[PDB]
Amino acid sequence: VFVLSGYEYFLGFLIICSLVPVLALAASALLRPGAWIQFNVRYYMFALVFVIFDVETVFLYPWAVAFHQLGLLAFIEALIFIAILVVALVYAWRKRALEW
Amino acid sequence: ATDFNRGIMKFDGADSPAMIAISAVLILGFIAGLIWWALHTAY
Amino acid sequence: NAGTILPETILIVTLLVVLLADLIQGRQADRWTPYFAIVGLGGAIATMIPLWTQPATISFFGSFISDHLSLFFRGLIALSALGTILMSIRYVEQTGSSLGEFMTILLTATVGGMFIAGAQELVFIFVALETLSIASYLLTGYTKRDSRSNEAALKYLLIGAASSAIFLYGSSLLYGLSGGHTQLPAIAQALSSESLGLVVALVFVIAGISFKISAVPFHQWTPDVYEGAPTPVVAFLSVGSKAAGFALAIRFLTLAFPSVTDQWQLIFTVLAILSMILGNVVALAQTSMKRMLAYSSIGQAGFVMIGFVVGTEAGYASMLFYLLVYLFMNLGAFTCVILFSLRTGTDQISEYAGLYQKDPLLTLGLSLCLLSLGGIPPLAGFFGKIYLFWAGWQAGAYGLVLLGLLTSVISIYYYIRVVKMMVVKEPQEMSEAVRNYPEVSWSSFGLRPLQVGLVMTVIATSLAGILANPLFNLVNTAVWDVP
Amino acid sequence: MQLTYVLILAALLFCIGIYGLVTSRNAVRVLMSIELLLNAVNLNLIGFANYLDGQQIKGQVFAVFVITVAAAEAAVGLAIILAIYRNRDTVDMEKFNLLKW
Amino acid sequence: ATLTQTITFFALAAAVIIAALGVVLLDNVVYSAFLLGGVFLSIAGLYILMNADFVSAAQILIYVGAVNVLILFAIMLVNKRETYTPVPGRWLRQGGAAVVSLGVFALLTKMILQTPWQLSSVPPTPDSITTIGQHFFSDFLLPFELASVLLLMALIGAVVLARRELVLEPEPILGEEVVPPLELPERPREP
Amino acid sequence: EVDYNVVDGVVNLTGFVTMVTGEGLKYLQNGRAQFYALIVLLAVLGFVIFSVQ
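One line per chain: the protein sequences are C, Q, B, E, G and F, in this order.
Read in order, the letters of the first sequence correspond to residues 13 to 45, 65 to 131 in the authors' numbering.
Read in order, the letters of the second sequence correspond to residues 2 to 44 in the authors' numbering.
Read in order, the letters of the third sequence correspond to residues 11 to 493 in the authors' numbering.
Read in order, the letters of the fourth sequence correspond to residues 1 to 101 in the authors' numbering.
Read in order, the letters of the fifth sequence correspond to residues 4 to 194 in the authors' numbering.
Read in order, the letters of the sixth sequence correspond to residues 603 to 655 in the authors' numbering.
In case anyone wonders, no lab produced these hints; they're calculated from the structure.
Careful: at least some of the hints might be erroneous.
[What the hints assert, rightly or not] List time: in silico DSS-like cross-link candidates among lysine-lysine, alpha-carbon distance up to 27 Å:
(1) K113(G) to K100(E)
(2) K368(B) to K435(B)
(3) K430(B) to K368(B)
(4) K100(E) to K628(F)
(5) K83(G) to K95(E)
(6) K95(E) to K628(F)
(7) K368(B) to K628(F)
[Unchecked claim] Stretches of chain C that chain G covers, calculated by requiring three or more beta carbons in the stretch to come under 8 Å of a beta carbon on chain G:
(8) 19-25
(9) 31-45
(10) 78-92
(11) 101-112
Positions of the beta carbon are idealized from the N, C-alpha and C atoms, including for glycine.
Based on the provided sequences and hints, a complete structural model is requested.
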């Protein structure tokens with residue numbers, strides 16, 4: 013059984029937009045004729080605070096959809112989740128994690 | 002057996018490892034021979 | 011219904027105050043932020059005593075129980091961090107790392123461990139096991155420039171993140187062997203047929219349950235982490251992260267599998283007869299002091315599993331009384347490992363020799379905590395082992411207590427080896443501290459918490475067997491709420 | 001597509017990450033094989049939630065929290081890789097065996 | 004109608020295990036990390052067929068967009084131009100790991116097939132974004148608040164384990180005996 | 603000499619086959635944490651055959 017409605021066109025549109033580069037690069041294929068990066072830990076540290084906050088935002092998407100269907104108790108509980116991770120943002124500023 | 006062979010009446014001359022095992026089977030056999038005597042001769 | 015998690019949410023608040031003070035004050039807060047976490051741990055201990063009289067409710071929609079068993083193990087993990095903070099007030103303050111940043115990761119492992127003891131959902135077991143495990147990889151590699159703590163943070167990661175995936179595949183199977191039902195009381199009502207699917211779900215979860223308690227086919231991280239990690243973290247994972255794996259195993263293997271019970275009582279005997287042998291014979295061939303206590307924690311784990319496999323009301327009371335006095339033996343021995351590692355470098359055996367005339371409070375603390383770890387009278391670890399063999403003899407198990415006694419004499423020989431090189435060596439036989447001991451002060455930063463964590467632990471090691479009768483009644487009330 | 005073909009796919013993905021856990025010599029490929037294990041227990045879980053008790057999806061909530069922990073197990077895990085690399089200038093799992101016995 | 008949901012399953016079920024063989028068996032480590040997203044995107048395509056449209060988009064946001072980017076940032080930081088090619092280092096211990104991996108698979112395929120699964124014939128996913136947010140605050144509420152403390156700790160610890168020691172690297176603060184900065188006081192020695 | 607060597611040899615052999623036992627399982631750990639993950643995964647395969655019958 014598959015009770016999701018709207019995904020009948022998602023399979024073909026996944027194939028058609030995949031057929032946009034693989035055929036245009038083929039339609040072009042018939043018409044055409065001291066090496067160091069310095070180890071600076073800022074690419075990893077900027078991605079480190081991304082993973083902590085991409086998990087933050089994905090926990091807020093079910094709360095934001097069902098927000099007026101939960102009540103005031105589930106709003107204080109969702110506020111403890113944010114206010115703990117607000118200190119996570121304050122920790123990233125003061126410890127010069129995202130200074131670049 | 003070098004410290005057992007001090008300069009007094011000891012060091013008889015039979016301190017070889019061939020004599021250690023043949024003195025063991027007579028001494029430990031007499032205790033076991035008296036133990037097996039004991040469970041039958043007493044009552 | 012959020013009044014049952016009050017011992018954990020007081021530790022949540024003081025986790026944030028010692029974090030913001032590192033950001034606000036900036037290493038000037040390290041003079042007071044350990045002592046705020048002590049009364050934060052003490053205020054979390056003192057609120058478990060009003061919760062002891064409550065009639066064991068199941069709060070948070072059936073996902074958290076507040077029984078006496080969950081409150082006993084919550085106090086053991088809170089006392090494990092209370093003893094660790096009294097140690098690491100000088101230890102990681104001498105490495106130059108931040109003191110407030112250490113005790114934040116140390117308190118997340120505490121509240122992560124304290125939530126394991128009362129969890130009843132498959133998800134809250136895994137979430138609280140994660141934040142205990144994720145916090146402990148950061149603590150074994152907290153010094154970050156050693157090539158020994160970095161090597162110990164790696165081996166604990168690639169086994170810890172591995173064994174928590176074996177634990178998840180058995181936890182996900184418990185969601186699928188039942189028709190949903192992530193809660194452990196709802197699991198037992200659905201599955202009782204003892205099929206092969208329940209067997210693989212049982213083996214997969216005790217690859218991670220018996221990974222925190224370090225049984226021998228899953229113990230391989232323990233002797234390599236415990237010599238690379240900072241010694242207070244070594245002191246924490248031996249009574250805090252080890253009792254939390256024992257807090258899980260009573261709450262998991264008796265609630266999720268009361269039908270299948272002769273199988274995990276057969277596996278954990280193999281986990282006991284292997285960790286009593288390999289915990290105590292390989293600790294003979296150890297030279298490092300933190301490595302001798304590493305195989306000790308594997309060996310003392312097999313004594314706790316003696317009461318776990320018998321499955322009686324005195325058997326589960328024997329493993330909770332032994333884990334209670336185990337905190338007074340590790341945290342008193344590891345205090346003297348730290349207090350010897352702070353005066354002189356290179357804390358290993360055959361460098362403690364020639365002592366007892368220069369540091370007599372260290373040798374009286376280290377001997378009476380290592381002799382009690384061997385289980386000699388009239389110390390606390392003697393009575394703790396007596397109750398394990400009394401409950402072991404009570405229901406079968408005549409070969410476990412014989413192996414528990416024969417490996418307790420092999421346990422004596424390497425513990426008395428440290429007491430040999432503390433008090434019986436002449437003053438012409440010391441290698442370190444040969445007129446090199448720093449003439450102890452108890453006036454520098456953090457040495458007075460290090461001393462009171464030694465005095466109040468050996469007192470709790472010498473007198474906890476003579477005065478065991480209040481502790482025997484405090485433990486036996488935490489067993490009636492165990493199926 | 002039945003329930004059985006999802007769990008075999010999750011069990012096969014488990015043993016590929018199991019093989020990558022023991023045979024990989026770079027320390028980052030071991031962490032990439034850990035993510036194969038933590039997606040094996042998620043592919044096992046949503047299939048357990050789509051076919052068993054799909055009205056109140058308790059597996060998809062539990063499948064969310066595994067994604068969050070593995071996000072935090074890799075961020076902690078790669079800070080361990082960068083901590084060894086600053087001291088021991090390689091990433092080679094046959095070179096970290098100095099705490100042997 | 005029904006076969007178009009099945010032929011897109013095995014096209015994705017083969018896309019994950021080929022990419023999972025690419026992250027394990029390939030000699031290049033950067034090729035493993037780009038194929039690691041091929042594992043994660045194919046599993047995210049498998050969740051849409053399994054009526055998990057939220058967790059499908061929650062995998063592309065984290066496993067593809069956050070974890071795989073974090074992996075790739077932490078592989079372009081470790082190249083060193085040194086593989087050293089020591090394939091037979093100690094022995095043929097890569098054959099003992101092929102025994103257990105085929106053994107666990109032979110275990111679980113025996114377990115998956117013979118187990119009677121009690122699958123329910125009820126209609127699933129009644130707008131499954133509200134029933135997952137009602138679950139974050141009724142049943143799975145205490146896991147939800149502990150995930151913030153887990154993430155906050157994972158931001159505290161992974162910063163202090165990966166930040167550059169540029170504040171005071173030659174810092175002998177005190178001493179009873181000599182201890183190096185940012186290192187454990189138990190100094191290594193041979194017995 | 604049957605005291606010092608024979609019945610004292612048994613006592614100094616209980617303490618000798620235990621010291622060389624701990625120096626044989628000391629080599630069970632050898633670093634290389636892939637091998638530590640091997641024993642974890644082999645004992646999973648052991649306990650699922652040992653406990654089904």
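These are the hints, each one checked on the structure:
Proximity of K113(G) to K100(E) is assessed by CA-CA distance (about 37 Å); at most 27 Å being required, the pair is judged violated. Between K368(B) and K435(B), the direct Cα distance comes to roughly 13 Å. Compliance with the 27 Å bound is thereby established for this hinted pair. At most 27 Å may separate the alpha-carbon atoms for a hinted pair to count; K430(B) and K368(B) meet this at roughly 16 Å. Restraint check for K100(E) and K628(F): satisfied, since their Cα atoms lie roughly 9 Å apart, inside the 27 Å limit.
Between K83(G) and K95(E) the CA atoms are separated by roughly 15 Å; this keeps the pair inside 27 Å, and the hint holds. Proximity of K95(E) to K628(F) is assessed by CA-CA distance (about 19 Å); at most 27 Å being required, the pair is judged to hold. A threshold of 27 Å between alpha carbons decides the hint, and for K368(B) with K628(F) the separation of about 34 Å lies outside it, so the pair is violated. Only when three residues or more bring their CB closer than 8 Å to a CB of chain G does the claim for the region 19-25 of chain C stand; here the count is 3, and the claim holds.
For the region 31-45 of chain C, the stated coverage by chain G is violated: 0 residues have a C-beta nearer than 8 Å to a C-beta of that chain, whereas at least 3 were required. Given as covered by chain G, the region 78-92 of chain C passes the check, having 13 residues with a CB less than 8 Å from a CB of that chain where 3 are the minimum. Counting residues of the region 101-112 of chain C whose CB lies closer than 8 Å to any CB of chain G gives 7, which reaches the minimum of 3, so the coverage claim holds.
In this structure, the hints that do not hold are numbers 1, 7, 9, in rising order.
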